[PDB]
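K.L.:
Add chains S, U and H to chain T, keeping to what the hints say.
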Amino acid sequence: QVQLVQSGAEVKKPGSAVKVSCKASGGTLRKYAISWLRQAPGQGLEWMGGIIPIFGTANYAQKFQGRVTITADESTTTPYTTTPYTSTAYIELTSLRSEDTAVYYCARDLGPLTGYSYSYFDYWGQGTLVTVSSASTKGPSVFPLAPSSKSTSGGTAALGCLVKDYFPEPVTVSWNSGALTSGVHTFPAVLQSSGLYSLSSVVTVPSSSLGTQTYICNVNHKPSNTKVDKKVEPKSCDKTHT
Amino acid sequence: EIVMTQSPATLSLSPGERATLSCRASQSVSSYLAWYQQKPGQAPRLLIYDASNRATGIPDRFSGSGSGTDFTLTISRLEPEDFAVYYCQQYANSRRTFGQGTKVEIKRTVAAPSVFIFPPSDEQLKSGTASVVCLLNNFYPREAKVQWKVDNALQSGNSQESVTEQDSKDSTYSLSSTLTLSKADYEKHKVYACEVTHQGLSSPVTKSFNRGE
Amino acid sequence: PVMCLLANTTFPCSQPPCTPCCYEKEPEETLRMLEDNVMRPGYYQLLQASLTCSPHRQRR
Amino acid sequence: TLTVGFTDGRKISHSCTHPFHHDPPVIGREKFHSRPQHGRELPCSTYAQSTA
Numbered sequence: 001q002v003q004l005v006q007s008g009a010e011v012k013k014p015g016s017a018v019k020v021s022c023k024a025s026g027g028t029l030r031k032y033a034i035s036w037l038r039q040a041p042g043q044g045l046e047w048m049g050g051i052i053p054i055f056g057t058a059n060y061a062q063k064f065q066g067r068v069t070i071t072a073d074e075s076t077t078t079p080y081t082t083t084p085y086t087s088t089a090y091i092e093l094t095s096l097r098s099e100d101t102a103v104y105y106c107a108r109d110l111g112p113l114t115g116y117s118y119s120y121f122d123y124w125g126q127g128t129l130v131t132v133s134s135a136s137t138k139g140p141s142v143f144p145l146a147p148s149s150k151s152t153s154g155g156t157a158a159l160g161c162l163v164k165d166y167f168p169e170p171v172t173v174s175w176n177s178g179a180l181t182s183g184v185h186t187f188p189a190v191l192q193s194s195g196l197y198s199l200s201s202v203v204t205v206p207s208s209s210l211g212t213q214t215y216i217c218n219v220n221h222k223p224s225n226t227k228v229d230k231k232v233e234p235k236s237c238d239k240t241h242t
Numbered sequence: 001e002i003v004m005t006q007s008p009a010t011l012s013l014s015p016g017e018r019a020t021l022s023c024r025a026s027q028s029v030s031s032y033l034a035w036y037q038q039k040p041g042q043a044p045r046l047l048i049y050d051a052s053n054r055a056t057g058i059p060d061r062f063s064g065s066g067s068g069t070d071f072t073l074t075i076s077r078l079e080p081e082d083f084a085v086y087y088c089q090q091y092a093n094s095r096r097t098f099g100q101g102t103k104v105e106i107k108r109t110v111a112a113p114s115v116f117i118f119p120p121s122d123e124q125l126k127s128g129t130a131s132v133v134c135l136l137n138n139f140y141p142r143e144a145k146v147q148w149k150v151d152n153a154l155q156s157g158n159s160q161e162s163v164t165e166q167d168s169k170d171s172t173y174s175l176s177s178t179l180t181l182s183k184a185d186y187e188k189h190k191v192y193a194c195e196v197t198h199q200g201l202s203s204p205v206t207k208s209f210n211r212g213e
Numbered sequence: 005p006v007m008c009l010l011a012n013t014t015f016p017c018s019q020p021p022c023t024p025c026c027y028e029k030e031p032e033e034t035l036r037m038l039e040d041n042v043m044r045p046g047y048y049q050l051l052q053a054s055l056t057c058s059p060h061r062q063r064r
Numbered sequence: 110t111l112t113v114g115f116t117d118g119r120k121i122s123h124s125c126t127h128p129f130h131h132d133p134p135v136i137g138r139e140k141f142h143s144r145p146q147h148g149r150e151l152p153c154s155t156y157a158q159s160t161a
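Protein chains in written order, with PDB author numbering: chain T, 1 to 242; chain S, 1 to 213; chain U, 5 to 64; chain H, 110 to 161.
If we strip away everything but chain T, and leave its shape as in the complex, we get:
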């Protein structure tokens, strides 16, 4: 059946511009619109507009018509009613601003053939994340957490580790150097000032399992080629390494 594929997910400086690119394939019909939507990084789901690629005609939501240009690769070949067809579509987001940070979807739209009418959106693209800040590419700060002056005993026990100061979100974080994945937990993301990322990672166990194994945490960050493998032992006053 039909699919939409849309290429690249990005971060760019405020006042610069992007052109999120879509390709549509495998449908039986020849007159659909390709229509653009955004999902806000908190909550909400916004109508932007669409194009009908056989005509190159475009129209917009009244809250976007100043900022963005929707456009397409033109035309269609045939009246044959069963042979292949494909289309490509774009949103030119000029002059990026902080709140333009979102996931953008293309979707196949039947408005030009449900008679001529407004419509639901029938098939959706991969969803491409776009982000806006004046910050720069960097590797993480990678600090361990540890025990401090407390009974350090009874019920649930844990040690944990922290990651911060990295740019773009794809850190890969894991425990035990590729072992014992049960009882692992993460607080996947939050944004620190100017848009640098932070993550908290833990393993949680019964009381007697705290002082009794090599706890090792693994951190890697593809956008900076950074790698860190290290232990998470007591470090408050009872300075410990084994």
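Calculated from the structure, these hints are not laboratory results.
Label pairs and their calculated CB-CB ranges:
no. : chain 1 : residue 1 : chain 2 : residue 2 : range
1   : U       : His60     : H       : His131    : 43 to 51 angstroms
2   : S       : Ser156    : T       : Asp165    : 20 to 28 angstroms
3   : U       : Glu33     : S       : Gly57     : 53 to 61 angstroms
4   : T       : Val205    : S       : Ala111    : 15 to 23 angstroms
5   : T       : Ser21     : S       : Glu143    : 37 to 45 angstroms
6   : H       : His142    : T       : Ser21     : 37 to 45 angstroms
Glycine included, C-beta positions come from ideal geometry on N, C-alpha and C.
P.N.:
Chains S, U and H alone, transformed into the frame defined by chain T:
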């Protein structure tokens, strides 16, 4: 303008129960209304293409109904893969409006969070900084509360928050906050704690620590 | 660049003297300008500066 | 004859009818009435769909 609304912001149900998601619009849209599903982190999926009419590849559990201002999606025998976000959308007007989005979540018995708090390690402090981190962990419902004690006084305008989503095995949930300081204020303040509250707790299960001990 | 005439004022067609939003402010000034420009190799650029793609409500 | 028309939100409808001799020139050597699902290709011209 057409305002679109969904009745619960989130609702929780057992697998094999019947869901009854319900929508209201400002003045009649009169059909021309869709519903969608969104698996976490995935693109949306269409459920119904008009108020009474089911989409392609929808496995009979689902139905639509509605008229004028009032609309609903019913799910019969809600499966462990049907736990997702759900949206209405009108297409009766040139502003094509999606509803606010309703999560459906796996019902459970109440459980209280076990508690943790942690210090800065030496590398933060050699870098001129300190951060104090807490957990309210492995609990239900998703509805605990946190704030920060420093020299036993409340201060929290520095702080961040984050959560771990529902355990796919267990529905259980987790919450964290971080307090943060420059090295000079970390040396000033002598004791730190995270205050604790939950729907299943009568009083804080507070834990505390002293600076550099 | 290409140059055109308003009345007493000659201007660059990339930044005509009315800018921004000429037809949103002043349709009749746009008429009075365009009446003598119907015959210049910058006509479409002046259309693109005065009323097509140039006007907006959202900050660009 | 050629006629074009529409309808108001008011349900009132309008039309305009001209005299007009519509008869397409023949392409090739056969005066066929609808495109065939087998045949050959010949060059012609068309008002293309682009609104550019």
